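Participant: For reference, the chains in residue letters:
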Amino acid sequence: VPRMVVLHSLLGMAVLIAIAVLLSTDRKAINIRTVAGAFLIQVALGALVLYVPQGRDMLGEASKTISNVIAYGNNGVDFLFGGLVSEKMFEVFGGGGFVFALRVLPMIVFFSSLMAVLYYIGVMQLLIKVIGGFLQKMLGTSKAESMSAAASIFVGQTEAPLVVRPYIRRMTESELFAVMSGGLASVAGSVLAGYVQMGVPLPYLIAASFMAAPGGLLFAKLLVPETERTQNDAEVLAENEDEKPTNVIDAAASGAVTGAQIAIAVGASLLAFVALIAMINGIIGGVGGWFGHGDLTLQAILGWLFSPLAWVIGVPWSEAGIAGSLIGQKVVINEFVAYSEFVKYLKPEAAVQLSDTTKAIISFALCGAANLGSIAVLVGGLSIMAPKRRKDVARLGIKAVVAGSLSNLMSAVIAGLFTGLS
Amino acid sequence: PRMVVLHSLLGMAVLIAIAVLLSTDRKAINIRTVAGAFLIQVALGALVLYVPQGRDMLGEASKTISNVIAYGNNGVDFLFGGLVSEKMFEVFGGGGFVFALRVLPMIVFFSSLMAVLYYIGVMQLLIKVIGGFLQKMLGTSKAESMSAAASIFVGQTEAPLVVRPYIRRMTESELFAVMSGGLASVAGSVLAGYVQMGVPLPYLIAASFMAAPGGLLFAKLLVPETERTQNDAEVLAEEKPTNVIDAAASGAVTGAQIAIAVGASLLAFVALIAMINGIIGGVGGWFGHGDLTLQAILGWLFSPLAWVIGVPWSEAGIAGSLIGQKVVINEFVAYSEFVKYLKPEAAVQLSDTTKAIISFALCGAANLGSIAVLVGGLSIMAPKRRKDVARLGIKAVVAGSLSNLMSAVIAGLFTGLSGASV
Amino acid sequence: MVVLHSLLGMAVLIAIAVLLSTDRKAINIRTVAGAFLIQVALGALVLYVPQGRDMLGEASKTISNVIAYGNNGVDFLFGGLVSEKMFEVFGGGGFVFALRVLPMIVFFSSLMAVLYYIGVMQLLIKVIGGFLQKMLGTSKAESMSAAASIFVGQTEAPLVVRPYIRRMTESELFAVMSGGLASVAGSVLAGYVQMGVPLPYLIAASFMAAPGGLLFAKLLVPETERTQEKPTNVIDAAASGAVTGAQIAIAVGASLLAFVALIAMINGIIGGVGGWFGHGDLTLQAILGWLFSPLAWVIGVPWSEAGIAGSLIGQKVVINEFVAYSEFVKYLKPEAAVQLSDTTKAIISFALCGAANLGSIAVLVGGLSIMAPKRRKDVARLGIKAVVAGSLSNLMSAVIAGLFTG
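Chains as they are written, first to last, in the working numbering: chain D, 186 to 607; chain A, 3 to 424; chain C, 175 to 580.
Some clues are possibly wrong.
List of simulated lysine-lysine pairs, DSS-like, C-alpha gap at most 27 Å [unchecked claim]:
hint, chain 1, residue 1, chain 2, residue 2
1, C, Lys-559, C, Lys-199
2, A, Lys-144, A, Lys-130
3, C, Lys-259, A, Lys-345
4, D, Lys-429, C, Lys-559
5, A, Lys-242, D, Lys-573
6, D, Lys-532, D, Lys-273
7, A, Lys-89, D, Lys-273
Chain A stretches covered by chain D per the calculated footprint, using a threshold of three residues with CB under 8 Å from any CB of chain D [unchecked claim]:
hint, stretch
8, 83-89
9, 106-115
10, 248-254
Only part of the chain D face toward chain A is listed, based on derived beta-carbon distances under 7 Å [what the hints assert, rightly or not]:
hint, residue
11, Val-284
12, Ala-463
13, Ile-560
In short, the hints are calculated from the structure, not lab data.
Built from N, CA and C at the ideal position, the CB exists for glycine as well.
Build the full structure now, drawing on both the sequences and the hints.
Facilitator: This is the structure:
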């Protein structure tokens, strides 16, 4: 079994990289040290947090630490919404007692105000500089895209990294794509906690975030390798007067209001997406009713379509029909809807129970902002810092989603590998 | 009977006469447009109220929309969960119907749905057909013609898109027609919100298509066309929708700030009216009438206007309140106190011909608080016309109100013959 | 001879502010004097004089009845989720902050968008805030805002003088807010009455929050160096006011949910470091409350019951007065058997009154941020100062409490 698992996984890793090479603008310019490093660093962390006992003790400890934060986050939620989030909801409404708009969306606000404190203190600047510095010293990427890849971990496509603000205007084609892919390879800390309250495995989300930094650079440099010259740090003297908050109280409140609009936007989009798909299911169910079928849903159609891809990652074909739908929904719609239907299988009451090695894969394969919807979020926000580069960002929109998705898929193979071995 | 049939001609002549008396100029009112708009508005009336075929294709349309509305609830059930379940009625009884979670979330869904239909090109297709149909009958400019067809299933002062490149330089009559057509017609998004409240759906559908010729009926009757129509879009035209997924998300967030705004307007007005009645009820204590409320005042005040449009004087005392509350305060408060009479256990019960007239009259976003709604949303494009829009603000509210009253007269005429509603 | 225990206690609190001050040389002697006069004045009028307890008490009821019309709309918006069944299904849980308090902000923003339009509020700043301008050097409003805060909550007080907050001076800003954080709405006061706290006690601090709110505000700065799209229709004004009020709530609540959790997080820090050693259960509610125990004596219960009366005040400052009064009423019960004098229960009744905790800062920041966007920075810097100045006022009332129940 293990000799076949490491073979089924290595083959899975081979296919994913092969796709990037085929879609590469210049396969000859592919710096091996940078792409072999990005692939090695990514798979190295998998052996760190999912295999070796020393790291799993740390990953578990890290989960317990962050779980406290969330437990502290609810102390403000219990104050606000009162008993609408109590255990009395599961006695009265039972399963319906779990209000998604009150258990998940408010957590988006708190974490946004939490990191805003960490950014003001300088905690993030400490972690970004280290992780960012480590990448360029092991790969060969510029200072900008390296710091961006480290900043993309804690913050997805939501907030601008700002650590590359004086760089973005004049980055190379490959450098610009690395930033875009990084934001689509990872998720924000705010939406990360949102998945946790839904039922998504916390230790898996922690590993998935840090895997998105080298994985986000892997398929970024594969699709578009570096050809031009990286901008010098002494010649890029063009820093405009940046406005900053006053104290930690101002920062803590600024992050809350900023995360408030996010929570409202998420809940509004989800109210539409869940409803719109249900409407299409009525149309497909109607059209499918003429010949065949006519129970046919968009859930099932995306299943057979992404079934081959799901099998490549490590999910058995028998269960690829389910994993295919979830990965599909993530890319063509969003990761929130995909996660909403993934937690349905995690329930012990659920009829269809999957294997632990499969649930691990899907958890990593879904963790990512790589969808058709996050394109405009990038282009819309990235154009502010670079108004004369908006044409380049818009073109690499779909290309970055692929690089962002493949990053999640690559991290998912690593999951199915080491969790299949241990 | 014959008396009732005759009475409809009275109400029609009155509403037209008022517009002529308040017209900017009687001279060379274009007869072929005024009589043309009135002919179409009463043609569509008999086409969906008198002929079986119209009512057989309207009922099917009612089920079509209601299913889409039902589809929207699937997203609502996902968002709020058991707070909108049936257990609410087994617990909170009649209070189980949470207006903030039953009606307001529907506004979001339709705003996103139309944003999708506007992204596909379906909406622009129907506008060109209807607008093109108008410009042949009344021969008004292509700019305001499409702006009239757009104002039908579009609200929240998203006029622009047909008019956006034409607003910069148009006559005072074209600008007024847009304002009239905007207030005469309800928002295509909030129309579904009324359905969840208990408002008769088929009446809302008909009133929407009557508010387009009726919106132009009192538009070219108040201030006629006297300058030449310059129809050629300016070069200034420079883009948010990237994908259909983004278009859906962008529309949902757009609709989200609408529900909050509308929801706040209801918590405001209803509370203030009660406070006003707290004063008037106290002031009336000296005069020997502590039961005198703001509702009863507007009822006896607009009672003649109700009697003119086709409502029996016996029930006009109630209809006067609802029609008045729409114009004076807003259409939402009026409908909230209208569905109370639709209850089968109500002590008093209005006639079938009364329910129709009220529903058509109340079906309009033409209120005194909707002036700045137009002004603020129309000035952003052309700030040079801001003083022009606000000048004809109240005059447009009259045109918007007269249009809904006209559709109410046509209602009572063809709903006086059969056409009963549950 | 009780007077010296209070004459010492009123000087010590006034000392605290003279220590924590910006410009001592700027301090207007007349205004700081005039306020403490009214504070000690209004008290004896509702504590001793049984006539003022009825007047000022019915004023709070009548004005709260004006606002009570706001609830006619909350019940239309959320139906039964704010009915009585909530206390029958969730009980204590059932009352909900986000549906019973935050929506009331929309009413105020809509009501005082009409009043300014109809000049009714333009007059009350002229009369009431101009009467107390020739009484003392004010903003011609700021006193008016303090007066308003008496009958309204902390989330419904800055909305009163919001068109003035734009070009408001550094003083009047801290004046309005620190006097705004000290205020408690009246409905909360009624719940406290139901719990055990004497309505005659509560009514005193209700009117002591305005002069006390000015007493310590003007102690930091006066208005240093001598200085101090519109609605089309009234329907439009109400509407425009309503919607602006909504985003106030969204931003206020977003900050509250954040900070209450952040405070809660802070403890989970303090706890681990404490969990490392013997001490740590060591909630910040007590760490400050232990710093308050010395101060507790300076007012009140000389020994052998102060240390417990101080960690009650520490709770008010960190979390809220609801929890502070939740345990205080456990002392008022007959069976408590750690008996406190009628005057020792008078002190903790006033000290714990007011609702100017740490988490309350977030409300200030949010509400301004909608009302005066370029001012949120000038409020976060003077936020923790506002808890200090406010809570010093609540104590100033408790020294007048014991001094006039003895």
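Participant: Decide, hint by hint, whether the structure agrees.
Facilitator: Cross-check of the supplied hints:
About 19 Å separates the Cα atoms of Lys-559 (chain C) and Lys-199 (chain C), which keeps this hinted pair within 27 Å; it holds. Proposed proximity of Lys-144 (chain A) and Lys-130 (chain A) is supported: the alpha carbons are some 9 Å apart, at most 27 Å. A hinted pair counts as satisfied when its Cα atoms are at most 27 Å apart, and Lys-259 (chain C) with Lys-345 (chain A) qualifies at roughly 24 Å. As the CA atoms of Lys-429 (chain D) and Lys-559 (chain C) are separated by approximately 21 Å, the hinted pair is consistent with the 27 Å bound.
With a C-alpha separation of about 17 Å, the suggested pair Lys-242 (chain A) and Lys-573 (chain D) falls inside the 27 Å cut-off, and the hint holds. For the suggested pair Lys-532 (chain D) and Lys-273 (chain D), the alpha carbons sit about 20 Å apart, so the restraint of at most 27 Å is met. Restraint check: the Cα-Cα separation between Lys-89 (chain A) and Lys-273 (chain D) comes to about 13 Å, which is no more than 27 Å; the hinted pair holds. Counting residues of the stretch 83-89 of chain A whose beta-carbon sits less than 8 Å from any beta-carbon of chain D gives 5, enough to reach three: the coverage restraint holds.
Beta-carbon proximity to chain D at under 8 Å applies to 5 residues in the stretch 106-115 of chain A; the threshold of 3 is reached and the given coverage holds. Check on the stretch 248-254 of chain A: 6 of its residues sit with their Cβ under 8 Å from a Cβ of chain D, so the three-residue criterion for coverage holds. The interface hint given for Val-284 (chain D) holds, since its Cβ lies 5 Å from the closest Cβ of chain A, which is under the 7 Å cut-off. Because the smallest distance between the Cβ of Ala-463 (chain D) and any Cβ of chain A comes to about 4 Å, under 7 Å, the interface hint for this residue holds.
A least Cβ separation of about 5 Å between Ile-560 (chain D) and chain A falls short of the 7 Å threshold, and the interface hint therefore holds.
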